[PDB]
Amino acid sequence: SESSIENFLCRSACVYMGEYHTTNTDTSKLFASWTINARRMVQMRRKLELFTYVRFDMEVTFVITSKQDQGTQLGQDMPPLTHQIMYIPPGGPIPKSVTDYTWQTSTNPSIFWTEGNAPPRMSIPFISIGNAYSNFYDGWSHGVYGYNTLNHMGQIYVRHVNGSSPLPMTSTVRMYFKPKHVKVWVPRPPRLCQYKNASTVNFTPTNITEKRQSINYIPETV
Amino acid sequence: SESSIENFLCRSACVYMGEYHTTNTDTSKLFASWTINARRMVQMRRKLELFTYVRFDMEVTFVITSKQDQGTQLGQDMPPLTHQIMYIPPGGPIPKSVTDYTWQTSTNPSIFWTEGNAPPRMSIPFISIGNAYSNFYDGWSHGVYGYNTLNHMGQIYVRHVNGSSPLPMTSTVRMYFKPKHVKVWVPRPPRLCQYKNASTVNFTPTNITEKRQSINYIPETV
Amino acid sequence: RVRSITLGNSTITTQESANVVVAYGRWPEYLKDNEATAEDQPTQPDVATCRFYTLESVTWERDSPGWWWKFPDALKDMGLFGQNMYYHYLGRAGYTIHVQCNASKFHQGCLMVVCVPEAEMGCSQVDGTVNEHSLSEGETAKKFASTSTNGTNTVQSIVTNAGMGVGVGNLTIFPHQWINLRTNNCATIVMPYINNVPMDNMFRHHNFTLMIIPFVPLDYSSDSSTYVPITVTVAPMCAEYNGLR
Amino acid sequence: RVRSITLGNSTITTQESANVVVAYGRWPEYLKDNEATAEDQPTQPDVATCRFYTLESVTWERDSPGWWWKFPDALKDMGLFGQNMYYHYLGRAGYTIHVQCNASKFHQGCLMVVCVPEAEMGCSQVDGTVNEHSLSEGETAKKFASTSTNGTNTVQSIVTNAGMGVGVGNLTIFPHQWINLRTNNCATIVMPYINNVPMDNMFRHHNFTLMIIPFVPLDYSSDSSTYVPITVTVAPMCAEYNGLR
Amino acid sequence: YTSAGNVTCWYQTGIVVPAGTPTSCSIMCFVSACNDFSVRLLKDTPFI
Amino acid sequence: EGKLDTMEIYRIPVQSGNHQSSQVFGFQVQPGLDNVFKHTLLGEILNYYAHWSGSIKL
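Protein chains in written order, with the authors' numbering: chain P, 60 to 201, 206 to 285; chain L, 60 to 201, 206 to 285; chain D, 12 to 256; chain Y, 12 to 256; chain H, 184 to 231; chain X, 59 to 116.
Here chain P stands alone, though its shape is the one from the complex:
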């Protein structure tokens, strides 16, 4: 009952933590971004690799905390801060500044949230023109080995929702991810070697198991 597929896979986890400012002199530090896949979380990756094909919905919750920068200026009286969390489907426009037009496109779903309230949450369906996702692909992208374009799942972007000339602030977002209504096909053996990077199956050769003293050795009984 605890070994069913749902109870084994449907569990929440922190998969990305990022920081972003209201004012900066880099302009890439003004927003945070994440590409959705399940290959940079080493514990979820291994449980997912026991199968060849998967199908699930996604649920994402966001925990967001702010701070005034230790730069100099005190005595402030500020209202609570507002944030915008945008999801981009596969085949959507990507922003490059925080002032871009794509933060207003009608087909990118978006959430507006102010601090002090309950943590925000959105639910994404199975988004693929194929019939399942694949954890393993023995092919070419059209050319990269092992990468097929049916596994695109979208992106998430987060910014502040101030007006003009805002006050300096630093925020941190943590994303909690959970698959739901899961189905799996074609079981596989468990990964025996350590993972080396996030896109390949590359590995250094590993021992089959650890040694004992002799082929007869059994430890003394208590």
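There may be inaccurate statements among the hints.
[As the list claims (entries may be wrong)] Restraint ranges, calculated between C-beta atoms of paired labels, are given here:
#	chain 1	residue 1	chain 2	residue 2	range
1	P	237	L	259	41 to 49 Å
2	P	253	D	37	22 to 30 Å
3	Y	29	H	189	22 to 30 Å
4	D	181	P	277	23 to 31 Å
[Claimed, not checked] Dumping the calculated DMTMM-like pairs for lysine to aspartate or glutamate here, alpha-carbon to alpha-carbon at most 25 Å:
#	chain 1	residue 1	chain 2	residue 2
5	L	106	L	174
6	P	241	P	118
7	L	274	X	66
8	Y	81	Y	67
9	L	243	X	66
10	L	106	P	159
11	L	241	P	159
12	D	116	D	27
13	P	246	D	57
14	X	115	D	46
15	D	87	D	27
16	P	259	D	143
[Said to hold, decoys possible] Incomplete in silico selection of chain H near chain X, CB under 8 Å:
#	residue
17	189
18	194
19	195
20	203
21	204
22	207
23	209
24	211
Don't read these hints as lab results, they were simulated from the structure.
In this text, a Cβ means the ideal position worked out from N, Cα and C, and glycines have one as well.
Given chain P, work out where chains L, D, Y, H and X should sit, using these hints.
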């Protein structure tokens, strides 16, 4: 199913962001105002121009954030701030100061809200003595070309609700707008040129499409 | 107690006491009619795709780490089934694989024969990428190694990790068969079409991989033959392509 | 009053007012089952043999004697139907041939379009023999001449004797169609398989010959186009080969 | 470098006219969708 | 080139004389992405969605 009219148009968007103070020496910076139309949001404008006549209800949500001005005075202990959000129907009195009598007229619907709570929200019906709104008008106002008075939808005004001699504060409001229960008539071709201003259809001539190498050219197959 | 089987203009002979593994319980079949009714009409050859194709034999000696083949494109030069790979943009098929040995009662050894879907392989250099030639050579087998390999763009083919980063004793999770020279010398595996889409292009994707791996090495004594031959025979089943009209 | 016809992944457009000649009253069909029951089992492709193949157009000018093609081997490079010619030892098929013109109401001329079985041709030298290249060039047409030819190993191709030693006004004995620029511009001929054995090898025998011959030459005046294009489209019907298993 | 089908047009015969008609001419193409067309994942357009 | 702003962009030229094996035109069928199909009524719709499929009529 995702190409139905409701799923294509009924989506929320930020259409106005404004700033206002509690004390100032301009007296127009003491309140914020917006006239409701759908011609200064370039992404919603284009999706709306695929039709000649539209009918919808409006839903408006407000995200409001405050700050103490960096002027000088620290050590304050302040209760949370209260705000007033007033809607004026077509044919209503317009305020010109924040102390005006029109902020108290019984027929201008109004919302009172204090920070820390959930974001406020009001719902406006289809308000027109005509039977639909029009995105295009080939006529005269009675004289402005292209402007007919049946498209008036009202206005929104926001101020602080303090007493006498308040402390200095700066607030920002963001308005999120969403049409509901939508119906459209007479489809049109999509806008090919860039928009130039918010009241006309003026444009500079544009190419029909981009070039290729020759009328036979097809790219080499992978 | 010998059966003689004819497919087309091919004939082979097997023993009626054979044992057959149907991969996941599923026999091959046509995608029925109406996944994509209107402008996706398929066709089927059924001419000289249903016929036995026999590769070259491999030679099992005292130190043989193992062999592997990729499917398809182990059949890209095999008569009509290979012609159809060039004429058509999409296809699909199941297969029947026979593996046989020729040995005496004075030999000994043990083989695993396994069919692995999506057998994505690792590079010999951890920050490298695999080459197209090092993954397959068509109807010629690639070889596993008994120690860890080097060189650029090569599959890391140490046989204990099977090129996939797992323990090779755990490949029994896939459709597999054992050949113990003491008790049998043959193995039949029937594989259906397994993908996450109904059809696909047959040149830049390897549906599955056939592997043959000795777990107990070949042993003989005084004047027996010093090698044992292994033979692989493949019959495509229910092949189907996009219509051309 | 236009029909659109799709065979496989091909589509062409004709007029519904077409006229169709079925060669001797006989539609094409499979040799039914049991001429050679036991060890003569056939197979049929029915994949991308039933599809429209379109050759290059020819150019009809003021002095054009005519054109001819040999069947098969006008299709030995045409996709799958040509692959099957190399993989199989015996075959058979019928055909549908469409011939079309593109002309205006200010042009004039008249064409005969005829399909001739066993069109054995004579040499330009009476005590000579014909070459294999001078009989056909595949999907490129051979040309008739307006006077008598010379040179070794060449077909004697004076157009009044049609290379066969008969009077060209008498070729109406064969399945034929007239194209008079005044009244129509198209012709369809459906040919069945005609031989004195049920199957045959498709490389050293020409079943039939398609000929196109102007009887009234093309004429135009001041600034009309100086040529008229002719287009030929072929669809094989009920093709069938020896089984390979 | 597309992986898409293509369409081409060829001169089978050439154009033939009487005396007193224009020499050159034109063809026009129209495109449309058939009833079985489907779309998914509303996004933002890249043109404004 | 030279005619992206005229009505001539819509006209496939058929020339006079005898050219009875030459190409007239050719294109890949890629609505949404390819320049010749991109700004039509079908192309403009498809560019609002990230996945689409069906049949096309020419």
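Comparing the hints with the structure gives:
1. P/237 to L/259: 41 to 49 Å: holds, 44 Å
2. P/253 to D/37: 22 to 30 Å: Distance hint for residue 253 of chain P, residue 37 of chain D holds at roughly 25 Å.
3. Y/29 to H/189: 22 to 30 Å: This hint holds: roughly 28 Å between Cβ atoms.
4. D/181 to P/277: 23 to 31 Å: holds, 25 Å
5. L/106 to L/174: violated, 35 Å
6. P/241 to P/118: holds, 5 Å
7. L/274 to X/66: Judged against 25 Å, a Cα distance of about 13 Å means the pair holds.
8. Y/81 to Y/67: Holds - the C-alpha atoms of residue 67 of chain Y and residue 81 of chain Y are around 15 Å apart, at most 25 Å.
9. L/243 to X/66: Roughly 44 Å separates the two Cα atoms, so the pair is violated.
10. L/106 to P/159: Holds, because 19 Å separates the two Cα atoms, which is no more than 25 Å.
11. L/241 to P/159: OK: residue 241 of chain L and residue 159 of chain P at ~21 Å, within 25 Å.
12. D/116 to D/27: holds, 20 Å
13. P/246 to D/57: violated, 35 Å
14. X/115 to D/46: OK: residue 115 of chain X and residue 46 of chain D at ~21 Å, within 25 Å.
15. D/87 to D/27: Not OK: residue 87 of chain D and residue 27 of chain D at ~31 Å, beyond 25 Å, violated.
16. P/259 to D/143: Holds, at roughly 21 Å.
17. 189: holds, 5 Å
18. 194: Holds, because the Cβ-Cβ distance from residue 194 of chain H to chain X comes to roughly 5 Å (cut-off 8 Å).
19. 195: holds, 6 Å
20. 203: The hint is violated - residue 203 of chain H has no Cβ within 8 Å of chain X, the shortest such distance being about 14 Å.
21. 204: violated, 10 Å
22. 207: Nearest chain X Cβ about 6 Å off; hint holds.
23. 209: Interface hint status for residue 209 of chain H: holds (4 Å vs cutoff 8 Å).
24. 211: holds, 6 Å
Consistency note: the structure conflicts with the earlier hints numbered 5, 9, 13, 15, 20 and 21.
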